[PDB]
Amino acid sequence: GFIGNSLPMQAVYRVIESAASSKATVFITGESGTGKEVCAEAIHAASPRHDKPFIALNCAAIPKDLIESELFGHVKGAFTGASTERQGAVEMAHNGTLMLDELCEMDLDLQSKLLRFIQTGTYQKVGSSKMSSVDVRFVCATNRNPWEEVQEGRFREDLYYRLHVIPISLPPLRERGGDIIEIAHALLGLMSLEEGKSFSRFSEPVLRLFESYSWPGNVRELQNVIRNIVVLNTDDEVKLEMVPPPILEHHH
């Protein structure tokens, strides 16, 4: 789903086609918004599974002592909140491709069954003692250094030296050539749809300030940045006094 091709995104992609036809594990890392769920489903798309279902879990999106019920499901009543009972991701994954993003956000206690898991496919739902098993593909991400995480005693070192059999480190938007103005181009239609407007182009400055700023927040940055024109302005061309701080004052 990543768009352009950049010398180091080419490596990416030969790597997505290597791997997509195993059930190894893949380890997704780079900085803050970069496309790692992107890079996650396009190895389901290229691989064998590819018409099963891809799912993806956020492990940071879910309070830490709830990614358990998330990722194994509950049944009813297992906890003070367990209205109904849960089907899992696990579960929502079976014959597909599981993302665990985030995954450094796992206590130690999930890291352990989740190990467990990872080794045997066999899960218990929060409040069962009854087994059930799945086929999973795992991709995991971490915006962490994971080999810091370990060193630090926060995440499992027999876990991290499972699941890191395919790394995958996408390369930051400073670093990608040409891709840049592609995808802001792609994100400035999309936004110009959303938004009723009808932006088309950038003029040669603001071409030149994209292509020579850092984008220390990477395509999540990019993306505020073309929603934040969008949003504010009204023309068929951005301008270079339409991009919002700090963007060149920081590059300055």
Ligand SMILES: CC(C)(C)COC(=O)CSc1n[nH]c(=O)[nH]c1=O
Second form
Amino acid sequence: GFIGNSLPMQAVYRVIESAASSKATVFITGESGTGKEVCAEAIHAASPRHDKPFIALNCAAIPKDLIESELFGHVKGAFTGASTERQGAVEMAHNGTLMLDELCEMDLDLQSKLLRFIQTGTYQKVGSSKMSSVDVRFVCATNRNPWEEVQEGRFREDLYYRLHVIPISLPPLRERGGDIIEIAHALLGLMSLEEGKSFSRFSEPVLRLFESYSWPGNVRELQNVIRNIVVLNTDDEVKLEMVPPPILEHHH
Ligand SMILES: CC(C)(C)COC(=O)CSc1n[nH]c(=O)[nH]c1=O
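Can you swap the form solved without the named molecule for the form solved in complex with the named molecule?
After this comes the whole thing, all chains and molecules, with the earlier chain placed first.
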């Protein structure tokens, strides 16, 4: 679902294609704001299981005490807030692909349960001793340095070596050549649709700035910048005065 054919993304696309035909776990890393879910979905889409579900669990966007419920499900009354019975991500993903995003947010107890599940396919809903099984292809992702997490005792060593089979390091936006403006154009059209505007082009100074700035927040930061421009301005062309801070200030 990536845009562009920059040299470093070509390498990513070759690994996606080759990995897609295997069930081996993929382990994605990259700087803040790189497209980890886009990569995971591309692997699923290229795989023989593309017609089955792709499910992404963002472990950070769930309270830590509730990741297990989100992942494995829960029976009614399993814990104080369990108003009903819940199907876990692993069931939603059966015969498909499960992306565990921000995986290092899981506590060590949950990591142990995840490792059993990865080894066997077996799991239990929270609040239940009954065993179930599913078949999922795993893709993991993290913004942390997963090796560092292991060294500091926050991530299980056995889990790391079980998961770290096909690593993919996503290129940061500043290294992606012509992709930056191709992505910016796609965002410009989408945000214009969202906002009821009609931006269609960037001036030459804006192109130069977008192609020289370091984008420390990568594609998320680019999305913010295009959103800012389209929300605050009405024109067909993005002009340099429209670019928000601190893009220019930091650039210099
Ligand atoms: C406009 C569009 C929906 C394509 C934007 O999507 C995102 O920005 C997702 S993250 C991403 N998308 N495409 C890339 O080439 N690299 C990315 O990181």
